[PDB]
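Next comes just one chain, in C-alpha cells: the form deposited in one PDB entry.
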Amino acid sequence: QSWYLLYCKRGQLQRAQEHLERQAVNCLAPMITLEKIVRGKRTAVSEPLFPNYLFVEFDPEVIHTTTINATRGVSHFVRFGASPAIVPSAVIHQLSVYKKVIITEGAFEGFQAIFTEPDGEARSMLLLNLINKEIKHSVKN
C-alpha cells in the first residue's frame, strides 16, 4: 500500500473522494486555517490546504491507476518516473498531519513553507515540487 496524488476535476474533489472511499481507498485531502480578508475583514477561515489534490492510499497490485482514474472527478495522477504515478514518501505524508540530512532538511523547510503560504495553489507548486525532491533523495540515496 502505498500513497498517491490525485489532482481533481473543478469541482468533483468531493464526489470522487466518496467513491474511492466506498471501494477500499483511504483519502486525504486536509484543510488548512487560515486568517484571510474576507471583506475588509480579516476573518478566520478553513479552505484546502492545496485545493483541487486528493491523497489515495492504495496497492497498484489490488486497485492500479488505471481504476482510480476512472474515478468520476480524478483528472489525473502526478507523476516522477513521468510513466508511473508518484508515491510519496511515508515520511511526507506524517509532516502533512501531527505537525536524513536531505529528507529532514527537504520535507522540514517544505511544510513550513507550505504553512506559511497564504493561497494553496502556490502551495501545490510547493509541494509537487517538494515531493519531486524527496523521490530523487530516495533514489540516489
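Positions refer to the first chain, counted from 1. Definition used throughout: the rigid core is the maximal C-alpha set that superposes within 1.5 Å between two forms. What changes on going to the form deposited in another entry:
Core-superposed comparison between these two forms: among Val87, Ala113, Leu28, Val45, the single residue whose C-alpha moves by 2 Å or more is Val87.
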Second form
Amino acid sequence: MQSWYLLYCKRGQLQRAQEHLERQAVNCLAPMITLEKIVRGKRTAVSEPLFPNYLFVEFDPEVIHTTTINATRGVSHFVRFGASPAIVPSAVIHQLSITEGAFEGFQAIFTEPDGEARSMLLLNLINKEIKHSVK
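Can I get the form deposited in another entry as well, since the one above is the form deposited in one PDB entry?
Shown below: the chain alone.
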C-alpha cells in the first residue's frame, strides 16, 4: 500500500531528487519552517528546511521498488529501521500538517532553531514511534 519513507539526499541534490522522484510518481515532502534567526546581527524571519537534506516520500513498495528509489538521481539513502527502510508512521506525517510521543517530539522539533538538531530529533522520534507499534 502507499507508505511514507524518509530519504537523505546527496549534498545539494535535494531539488534534483525531488525532481526525479516526482517524475516516477513518488510523492515528495520537504517541509519548511519559518522562524526568527539572526542575519547581519539583526533578528529577522527566515524560511529554511525543517530537516536539511531530508525528504519524506510516499510510494507503494509493491508498485515501485525501494531498490528503484535507492537508485534515483539525487538520493543518498533511506533512513532505516534495522536493515530495511523505516516506514514513517502516518501519525508522524500528520504532525507536519497523532501520537503522544509524536505530538511532543514535534513540539520539541518545532521549537529547535538548528536544522541538524531538528533532524536528529526526527530520527529519534521515528525510531521510538516505530518501536511503539511493535508487539
